[PDB]
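S.K.: Each chain, letter by letter, is given below.
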Amino acid sequence: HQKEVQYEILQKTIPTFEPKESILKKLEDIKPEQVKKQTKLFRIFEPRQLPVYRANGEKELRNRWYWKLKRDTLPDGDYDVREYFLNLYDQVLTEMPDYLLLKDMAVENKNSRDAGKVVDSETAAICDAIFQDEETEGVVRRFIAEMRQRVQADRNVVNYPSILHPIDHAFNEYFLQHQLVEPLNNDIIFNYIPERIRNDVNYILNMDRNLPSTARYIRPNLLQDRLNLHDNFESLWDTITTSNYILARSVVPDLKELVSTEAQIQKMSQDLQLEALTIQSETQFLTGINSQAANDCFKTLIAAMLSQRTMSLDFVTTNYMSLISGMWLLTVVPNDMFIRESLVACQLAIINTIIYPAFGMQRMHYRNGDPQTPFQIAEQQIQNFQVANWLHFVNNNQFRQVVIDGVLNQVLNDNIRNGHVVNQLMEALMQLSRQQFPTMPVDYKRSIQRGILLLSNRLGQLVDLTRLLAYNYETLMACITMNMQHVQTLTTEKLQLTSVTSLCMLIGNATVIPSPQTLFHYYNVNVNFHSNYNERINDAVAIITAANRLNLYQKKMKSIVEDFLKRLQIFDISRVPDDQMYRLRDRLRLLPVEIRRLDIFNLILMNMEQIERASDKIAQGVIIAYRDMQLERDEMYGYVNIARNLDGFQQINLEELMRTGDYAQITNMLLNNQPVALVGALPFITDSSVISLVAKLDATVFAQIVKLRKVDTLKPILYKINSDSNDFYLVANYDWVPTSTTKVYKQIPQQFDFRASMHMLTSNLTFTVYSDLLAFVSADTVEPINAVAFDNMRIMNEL
Amino acid sequence: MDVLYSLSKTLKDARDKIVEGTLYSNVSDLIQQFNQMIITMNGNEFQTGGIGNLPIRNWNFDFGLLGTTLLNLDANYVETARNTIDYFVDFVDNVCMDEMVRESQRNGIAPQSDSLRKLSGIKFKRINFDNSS
Amino acid sequence: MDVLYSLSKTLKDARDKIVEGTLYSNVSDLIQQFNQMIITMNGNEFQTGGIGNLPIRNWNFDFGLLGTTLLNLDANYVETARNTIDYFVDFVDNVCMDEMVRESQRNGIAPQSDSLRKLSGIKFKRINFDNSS
Amino acid sequence: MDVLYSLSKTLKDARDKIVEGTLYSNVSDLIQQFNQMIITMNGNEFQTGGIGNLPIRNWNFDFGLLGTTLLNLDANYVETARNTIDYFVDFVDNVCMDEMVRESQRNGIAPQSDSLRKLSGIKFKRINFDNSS
Numbered sequence: 089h090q091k092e093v094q095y096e097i098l099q100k101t102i103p104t105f106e107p108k109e110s111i112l113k114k115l116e117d118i119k120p121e122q123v124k125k126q127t128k129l130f131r132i133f134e135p136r137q138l139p140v141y142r143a144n145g146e147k148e149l150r151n152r153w154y155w156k157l158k159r160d161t162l163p164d165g166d167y168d169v170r171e172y173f174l175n176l177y178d179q180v181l182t183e184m185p186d187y188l189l190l191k192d193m194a195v196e197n198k199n200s201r202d203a204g205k206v207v208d209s210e211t212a213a214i215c216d217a218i219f220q221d222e223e224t225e226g227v228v229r230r231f232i233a234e235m236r237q238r239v240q241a242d243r244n245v246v247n248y249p250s251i252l253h254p255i256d257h258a259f260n261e262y263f264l265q266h267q268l269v270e271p272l273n274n275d276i277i278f279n280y281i282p283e284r285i286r287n288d289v290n291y292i293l294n295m296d297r298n299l300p301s302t303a304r305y306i307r308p309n310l311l312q313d314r315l316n317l318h319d320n321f322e323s324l325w326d327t328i329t330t331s332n333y334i335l336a337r338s339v340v341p342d343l344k345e346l347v348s349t350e351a352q353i354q355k356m357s358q359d360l361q362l363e364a365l366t367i368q369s370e371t372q373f374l375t376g377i378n379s380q381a382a383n384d385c386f387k388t389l390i391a392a393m394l395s396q397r398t399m400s401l402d403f404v405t406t407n408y409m410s411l412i413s414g415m416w417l418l419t420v421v422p423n424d425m426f427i428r429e430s431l432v433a434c435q436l437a438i439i440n441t442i443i444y445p446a447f448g449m450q451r452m453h454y455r456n457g458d459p460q461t462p463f464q465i466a467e468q469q470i471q472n473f474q475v476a477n478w479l480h481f482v483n484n485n486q487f488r489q490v491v492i493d494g495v496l497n498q499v500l501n502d503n504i505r506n507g508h509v510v511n512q513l514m515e516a517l518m519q520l521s522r523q524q525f526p527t528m529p530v531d532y533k534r535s536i537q538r539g540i541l542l543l544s545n546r547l548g549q550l551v552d553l554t555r556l557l558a559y560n561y562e563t564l565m566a567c568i569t570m571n572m573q574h575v576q577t578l579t580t581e582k583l584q585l586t587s588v589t590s591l592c593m594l595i596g597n598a599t600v601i602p603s604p605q606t607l608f609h610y611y612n613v614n615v616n617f618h619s620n621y622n623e624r625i626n627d628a629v630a631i632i633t634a635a636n637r638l639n640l641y642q643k644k645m646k647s648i649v650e651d652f653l654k655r656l657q658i659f660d661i662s663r664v665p666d667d668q669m670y671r672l673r674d675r676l677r678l679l680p681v682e683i684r685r686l687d688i689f690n691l692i693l694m695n696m697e698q699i700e701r702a703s704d705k706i707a708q709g710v711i712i713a714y715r716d717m718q719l720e721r722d723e724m725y726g727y728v729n730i731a732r733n734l735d736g737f738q739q740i741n742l743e744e745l746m747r748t749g750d751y752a753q754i755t756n757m758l759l760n761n762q763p764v765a766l767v768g769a770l771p772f773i774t775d776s777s778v779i780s781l782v783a784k785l786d787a788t789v790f791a792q793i794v795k796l797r798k799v800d801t802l803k804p805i806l807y808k809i810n811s812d813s814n815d816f817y818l819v820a821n822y823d824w825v826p827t828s829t830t831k832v833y834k835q836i837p838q839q840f841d842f843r844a845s846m847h848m849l850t851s852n853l854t855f856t857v858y859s860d861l862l863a864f865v866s867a868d869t870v871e872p873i874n875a876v877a878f879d880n881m882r883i884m885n886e887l
Numbered sequence: 001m002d003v004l005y006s007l008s009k010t011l012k013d014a015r016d017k018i019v020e021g022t023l024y025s026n027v028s029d030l031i032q033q034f035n036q037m038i039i040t041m042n043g044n045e046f047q048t049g050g051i052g053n054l055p056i057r058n059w060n061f062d063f064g065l066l067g068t069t070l071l072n073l074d075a076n077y078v079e080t081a082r083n084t085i086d087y088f089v090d091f092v093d094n095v096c097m098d099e100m101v102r103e104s105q106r107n108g109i110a111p112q113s114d115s116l117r118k119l120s121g122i123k124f125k126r127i128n129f130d131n132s133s
Numbered sequence: 001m002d003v004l005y006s007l008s009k010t011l012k013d014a015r016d017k018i019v020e021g022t023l024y025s026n027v028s029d030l031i032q033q034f035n036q037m038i039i040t041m042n043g044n045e046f047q048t049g050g051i052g053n054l055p056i057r058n059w060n061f062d063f064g065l066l067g068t069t070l071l072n073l074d075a076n077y078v079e080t081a082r083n084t085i086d087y088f089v090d091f092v093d094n095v096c097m098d099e100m101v102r103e104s105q106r107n108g109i110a111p112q113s114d115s116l117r118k119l120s121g122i123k124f125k126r127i128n129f130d131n132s133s
Numbered sequence: 001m002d003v004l005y006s007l008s009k010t011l012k013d014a015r016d017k018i019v020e021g022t023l024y025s026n027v028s029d030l031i032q033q034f035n036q037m038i039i040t041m042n043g044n045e046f047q048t049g050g051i052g053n054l055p056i057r058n059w060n061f062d063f064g065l066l067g068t069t070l071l072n073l074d075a076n077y078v079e080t081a082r083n084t085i086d087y088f089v090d091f092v093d094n095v096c097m098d099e100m101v102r103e104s105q106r107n108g109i110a111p112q113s114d115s116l117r118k119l120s121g122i123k124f125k126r127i128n129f130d131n132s133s
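Residue numbers (the authors' numbering), protein chains in the order written: chain B, 89 to 887; chain N, 1 to 133; chain M, 1 to 133; chain L, 1 to 133.
Simulated from the structure, these hints should not be mistaken for lab results. Any given hint could be a false lead.
Unchecked claim - In silico DSS-like cross-links for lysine-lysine, where the CA-CA straight-line distance does not exceed 27 Å:
no., chain 1, residue 1, chain 2, residue 2
1, L, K123, M, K9
2, L, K123, N, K9
3, B, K124, B, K147
What the hints assert, rightly or not - Have a look at the derived ranges for each label pair, beta carbon to beta carbon:
no., chain 1, residue 1, chain 2, residue 2, range
4, N, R15, M, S120, 53 to 63 Å
5, B, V239, M, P55, 41 to 51 Å
6, B, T302, L, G43, 46 to 56 Å
7, M, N107, N, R15, 43 to 53 Å
8, N, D114, L, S132, 35 to 45 Å
9, B, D735, N, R102, 23 to 33 Å
10, M, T68, B, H480, 40 to 50 Å
11, B, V239, M, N83, 34 to 44 Å
12, L, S132, B, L112, 30 to 40 Å
13, N, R15, M, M100, 51 to 61 Å
The C-beta atom is built at its ideal place from N, Cα and C for all residues, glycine as well.
Chain B extracted, bound-state conformation:
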């Protein structure tokens, strides 16, 4: 019970999904980056006809075209406006197309005299409206009637006319000029196959498909780990290695034609003579020896090596057969793949149960925490050349690091790959079969020596097994795209030494190698996970940088990091330690933004002020000037108390005032009638009543700031006095100057200019984008009997 409680406490800090195997599905459901196609041009503005008024305030007989936001939904408050623009940035990033084909959006131009087409239907509507307009220039009308698209199918190019606001044109032109599609040919697909599988003679790869020049593809973002999750992220790295281990288990082949379990069990029972001994555990000795255990051991070893997940050794010290098989395990598997405690325990059991007793040496008093392992001490303390040389190899058989095609790889000793070192192992333990065991009871001594010989006499089978395991490891490691970083994980994979005994004693001579389709599936899953990791890093970095540059000081990067971790599909975010979350936040903050996202953000940031000032429901501020100022004459309003700038007035930032809560200065100025300008996105009331202007209601909207100490309810009055007012006769029929003591800092809409809005959008006439490159490769494999290893000899030569 206590062990369960402590392990639960430790596991609650690891964001690994408790049903380990389910991870596989979550790992295999990560699809390639969704390819986005644009259905219509991105537009924020539209032309709109608005009434205009003469200098005397009389409405004219014609409307004028102006640019107006298609969706006017900007909120009040500067912070709220910046949040709106961050949300717009997220929308643009999500809706950003990976490629465009303008021909799909092309529509018939009604007024064209030469069968013209335009992109998009909105452009057609705008062009028709301008064509039917009476104030349009004759030259513009004739141009609309004559402007033509140019389709060059031989060049695979299309140019279409379009009507776009400069901001809309900027966005659409960025989408057109910076498409993610690259040409796809058979050379690219061939180079996409891992370079070590193309050079493997056991796999025959052919290109039985023809790719047209119009074939396109999107390159996966296989940038190595920018967050260095292998360093100082213990729980996240534990989860990553666990998921990798599950995937590697899924792709590891299944052993065939194993030795009969009944025959091997009878042989081992006869050789060991366990019933004749006085061992308190007579039945438990040969338990766990079966084909299922052998397959489990094979899968566990290869998957742990591939995923670089630490393993723990589970063994019963009295079962010396488990220790004898563990000798082979330590011979082949690098000793740094096991948790230090387990390696020390297994090695000390082997030393104190087999090796030192064999040579009459005093049992080793190993001190935990010693920089030397028990085998490292035994190597110096044992003089026999066979056992000492085997111990030396076992001590020095750690993984070697090598970068292949830019990916870090943990590779084995060449003696492991060819299985030659097993001979040394045999040599060593053959010497152990000849030893005297000076003070050991002869029956127990005979049993140990006969078990040692049980493992020894399978020299050929164990050489074949070592070569097969190494070959499978190399082949499946060729399909790994992220660096194989070796770290000691929090939780280990428990490896029963009875399973090692099963593998050693039941492996036959049937070579099994990963199928070409299995290799391609493993490589595709690795590529998809790596690409998704990089894309989500890019998204998180972009959003964090945008929030910081937009000065969204109340935005919580914890939510961004949680979304990033969720989209990685392998993290249970409820179990991520807070310190690791904040470390992830910091490391994400330190990264630079991706070029495409950064450019889109630059566009939004430079056009923010123009987009905000185009809104009809927020003003940029309000000037309270307690002197009478003439209402300006504007075409859009008539008489309007509109301020073109805030020059000559002290400026109080309403966002800072709201955040601080100190209303001393604003209250003092309002009480003392000190002219000021309150700056900030503000909603305003459009009053068309001349009697309201005479009553001076615009000056009665600021005392609530003093009363409530709030600036969210501030709604200044914007007078719009023109002939449509029910009391414009007061302005028209009397000799006076309409004035007011307050002005609303707001801008005027930009007029629609055909010359400035007519663009030529250029794209490709057509192409086809492909996602599964490896589907273009016909992969076959030689007969398993004929499969060879890296040394051009057969993997299993016992035959």
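For chain B, the structure is supplied; the task is to place chains N, M and L on it using the hints.
M.R.: What follows is chains N, M and L alone, placed relative to chain B:
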């Protein structure tokens, strides 16, 4: 002085780097700095003085920003940029001449022309960038 | 002249900036310019002539692009870049020598060598970038 | 020698470009390089000067990284960067002085001071960037 140098360096870099056919990645940061300078200078009125035979000159800034969405710069981009660069270079040259022909005894290291004094305000500090000369 | 200078400047920047261990962020724009130059020059046959004792040389450009998926440049990246840089430097030196030994009364300002005349076509204008000398 | 030059170049660029009010786009790559230098040099002890009257100086590097979140650099950013740059510039000057006063008959082209010998290790090669001088 730092803001004046930043204006001059931005314009020199615009002349040297904004060339037909060049990748926008070659001028991305330069165009960002140029647009920052435009935004900072827009809406401001400057006057270079009449000391000596130097003429009184009035400068107004109402320039639009440069595009940032082309893969490679073209003739239209270069022409549009040049139209603004010429005016900015003229303004910078006139400010430099106005500052060169003035001296003070009490504080000779401080700016002397009213244009450079205006450019020494906080609002123009955004124009400041690389000071490598 | 602008394209030839741009080739020379790109090669000088590649020699100076593409060094072992340097962050890829230090060369991202430089790598993009270098790859654009490779793409533009790839598939073009040039000849530097035999005026005087200058030896006739033929230049073929079939080079792979430089990688862009590293955090820090390593030895492999530097070697791969350096081979191409050496070939391009040889080509640029020979083109410059060919142009230096030529003159004309009518259009002496215009290019005289066949190679520089070829580089003056529109299809090479993409190579053009910062002209700061 | 290349790592020492890279340190000096990074510090010169930091002094020139990390100025109040400048766009972060103007220093993004520079700030990345500066943070790389800080990470590489952190946790290392150096000793400079034990020849002649050159004083013995002990150098320890425990510095925080520079921020990457600002739109335009402000006073706080500049002050932190300036303190770090001051310490690093003093270190680089002392290392250069220590190297300049030493000579060898056998391997005179190799580093002589122990500081430059330490800087010639692989763990410092990440500091290397543009070698344009």
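S.K.: The structure should be examined with respect to each hint, and the outcome stated for every one.
M.R.: Verification of the supplied hints:
1. Annotation: proposed proximity of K123 of chain L to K9 of chain M is violated, straight-line Cα distance about 31 Å (limit 27 Å).
2. For the hint linking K123 of chain L to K9 of chain N, the alpha-carbon distance of about 37 Å lies beyond 27 Å, and the restraint is violated.
3. Restraint check for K124 of chain B and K147 of chain B: not satisfied, since their Cα atoms lie roughly 47 Å apart, outside the 27 Å limit.
4. For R15 of chain N and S120 of chain M, the Cβ-Cβ distance of about 21 Å falls outside the hinted range of 53 to 63 Å, so the restraint is violated.
5. One distance hint, 41 to 51 Å for the beta-carbon pair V239 of chain B and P55 of chain M, holds here, with the actual separation near 49 Å.
6. Checked against the hint of 46 to 56 Å, the C-beta distance between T302 of chain B and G43 of chain L comes to roughly 55 Å, which is consistent with it.
7. The beta-carbon spacing between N107 of chain M and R15 of chain N, approximately 26 Å, falls outside the hinted interval of 43 to 53 Å.
8. At about 40 Å, the CB distance of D114 of chain N to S132 of chain L agrees with the hint of 35 to 45 Å.
9. One distance hint, 23 to 33 Å for the beta-carbon pair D735 of chain B and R102 of chain N, holds here, with the actual separation near 27 Å.
10. The hinted range of 40 to 50 Å is satisfied by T68 of chain M and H480 of chain B, whose Cβ atoms lie roughly 45 Å apart.
11. In this structure, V239 of chain B and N83 of chain M meet the distance hint of 34 to 44 Å, their C-beta atoms being roughly 42 Å apart.
12. Checked against the hint of 30 to 40 Å, the pair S132 of chain L and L112 of chain B fails, with Cβ atoms roughly 52 Å apart.
13. Our hint of 51 to 61 Å for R15 of chain N and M100 of chain M is violated, since their Cβ atoms are close to 26 Å apart.
Violated hints for the displayed structure, listed by number in ascending order: 1, 2, 3, 4, 7, 12, 13.
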